[PDB]
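Student: Here is what each chain is made of, one letter per residue.
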Amino acid sequence: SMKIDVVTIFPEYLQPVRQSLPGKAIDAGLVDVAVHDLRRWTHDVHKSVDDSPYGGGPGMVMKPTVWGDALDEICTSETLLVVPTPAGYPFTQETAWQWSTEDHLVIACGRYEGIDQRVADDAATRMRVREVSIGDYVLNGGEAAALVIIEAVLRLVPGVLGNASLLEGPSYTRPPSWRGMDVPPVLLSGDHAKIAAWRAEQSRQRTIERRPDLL
Amino acid sequence: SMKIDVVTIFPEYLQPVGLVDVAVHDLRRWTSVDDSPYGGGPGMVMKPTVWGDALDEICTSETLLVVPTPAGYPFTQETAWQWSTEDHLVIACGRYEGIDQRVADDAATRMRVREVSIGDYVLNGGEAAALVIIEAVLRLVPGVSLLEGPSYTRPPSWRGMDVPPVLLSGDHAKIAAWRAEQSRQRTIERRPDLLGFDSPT
Ligand SMILES: N#Cc1c(-c2ccc3ccn(Cc4ccncc4)c3c2)n[nH]c1N
Ligand SMILES: N#Cc1c(-c2ccc3ccn(Cc4ccncc4)c3c2)n[nH]c1N
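Keeping their order, the protein sequence lines are chains A and B. What the first sequence shows, in the entry's author numbering, is residues 0 to 163, 177 to 227, in sequence order. What the second sequence shows, in the entry's author numbering, is residues 0 to 16, 28 to 41, 47 to 159, 177 to 233, in sequence order.
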């Protein structure tokens with residue numbers, strides 16, 4: 000039973016999440032995802048969410064006063080506050096497993112150069128805060144990271160998304189022959205110990221080739 | 000100029016997307048897209064037949080075929096730079112347990128193919144990975177290491193928390209030095225692998 004609140008200046012970006020949520024999971028009260036426009040907490044007629052960086056530099060920084068108000072309203076002491084950032088701890092499958100049993104995730108999506116650091120630092124004095132990165136590339140903001148985190152986490156919550177070391181090897185299905193390429197005959201052999209060993213060797217070879225760091 | 004075509008059985012999920031155009035294609039337009052795996056196992060595999068027909072129409076010999084997969088080569092900022100100067104990306108999004116391996120194998124006989132993963136976690140399909148890849152690449156298209181430290185803006189005191197005073201001092205050398213120190217500190221703590229040290233636990 001998980002509530003996820005996402006805060007963003009581009010709420011439309013989170014549309015895929017609401018799309019991928021089965022009615023049965025919502026009706027059973029297994030999951031609730033709500034998306035909030037950060038500008039609801041702006042102070043001025045211009046709905047300002049950013050300002051120039053202290054110490055100079057390029058880009059802009061999201062305002063602490065706006066974010067502070069948003070998180071004050073949405074979070075409680077029990078919230079796990081997730082803050083995507085290219086400077087975060089790595090988000091991994093282990094992370095996803097840990098977070099899948101949380102009652103309440105709040106994902107604070109930044110833009111520009113990110114969020115004034117005092118927002119996360121202040122929040123961390125009264126709730127659990129996690130600054131994380133989904134990989135070693137640079138995005139424009141936290142929304143795509145939120146999509147990835149939400150999917151990785153919710154697919155581990157029994158019955159929410161509709162789904163049920178070494179790298180996975182190649183997979184095959186019908187037809188047995190296609191554009192001159194036959195499915196490896198071992199897979200049609202009915203020798204299931206041999207099939208498992210073949211799959212194990214494929215996994216080994218692929219890991220050596222594509223992810224030697226895993227070895 | 001760059002053209003990006005995304006192929007998926009869930010075109011609705013790609014909604015978040028002059029020098030670049032992005033087009034989304036429903037795979038079913040070329041048809047049941049899946050069946051049980053040869054050799055056994057849980058779940059289903061996408062059949063190569065429908066994919067072959069779709070890619071035949073969409074791809075040329077100059078196309079870079081991108082195939083998200085948890086078993087891919089890592090997609091990194093270096094990859095994003097490399098792909099930023101491509102004329103044509105086609106992103107083939109799988110579902111279920113993935114796409115019959117012969118799709119990528121057949122495609123590689125006529126174009127360049129890249130199987131990639133955006134990170135070490137499991138998704139239900141390629142669509143979210145496609146959005147990440149598109150965003151990382153498009154921000155580098157012409158005409159568009178170490179972890180970054182913290183950023184601050186006004187007011188200089190908030191909830192009794194001060195912006196680090198060096199950032200208000202106007203001393204560029206000291207500001208550069210402090211920012212380097214925060215950055216070093218953060219990398220050691222959060223990503224020691226970037227500086228060639230063992231990863232935690
Ligand atoms: N997680 C994660 C990420 C992000 C990410 C996340 C949040 C924000 C907010 C703002 N930006 C843009 C930006 C900020 C600083 N430096 C450069 C660009 C973000 C990027 N990029 N790459 C990842 N793996
Ligand atoms: N890039 C990337 C990915 C994916 C991903 C990508 C494409 C597909 C198609 C199908 N699935 C689901 C699946 C398949 C096999 N094993 C487990 C789950 C996908 C996952 N997961 N994690 C990543 N970093």
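The hints are simulated quantities; they were obtained by calculation from the structure and are not laboratory data. Cβ atoms here follow ideal geometry from the backbone N, Cα and C, with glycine treated the same way. Each hint should be verified, as a subset may be incorrect.
[Claimed, not checked] Stretches of chain B that chain A covers, calculated by requiring three or more beta carbons in the stretch to come under 8 Å of a beta carbon on chain A: (1) 9 to 15; (2) 31 to 41; (3) 70 to 80; (4) 95 to 103; (5) 135 to 146.
[Stated by the list, open to error] Short derived list, chain B residues pointing at chain A, Cβ under 7 Å: (6) 91; (7) 121; (8) 125; (9) 127; (10) 128; (11) 151; (12) 157.
[What the hints assert, rightly or not] Okay, the calculated bits of chain A under chain B, using three or more residues with CB under 8 Å as the criterion: (13) 3 to 17; (14) 29 to 41; (15) 44 to 58; (16) 65 to 71; (17) 95 to 101; (18) 139 to 145; (19) 217 to 225.
Student: Which of the numbered hints above does this structure break?
Tutor: 2, 3, 4, 8, 9, 10, 12, 14, 16 and 17
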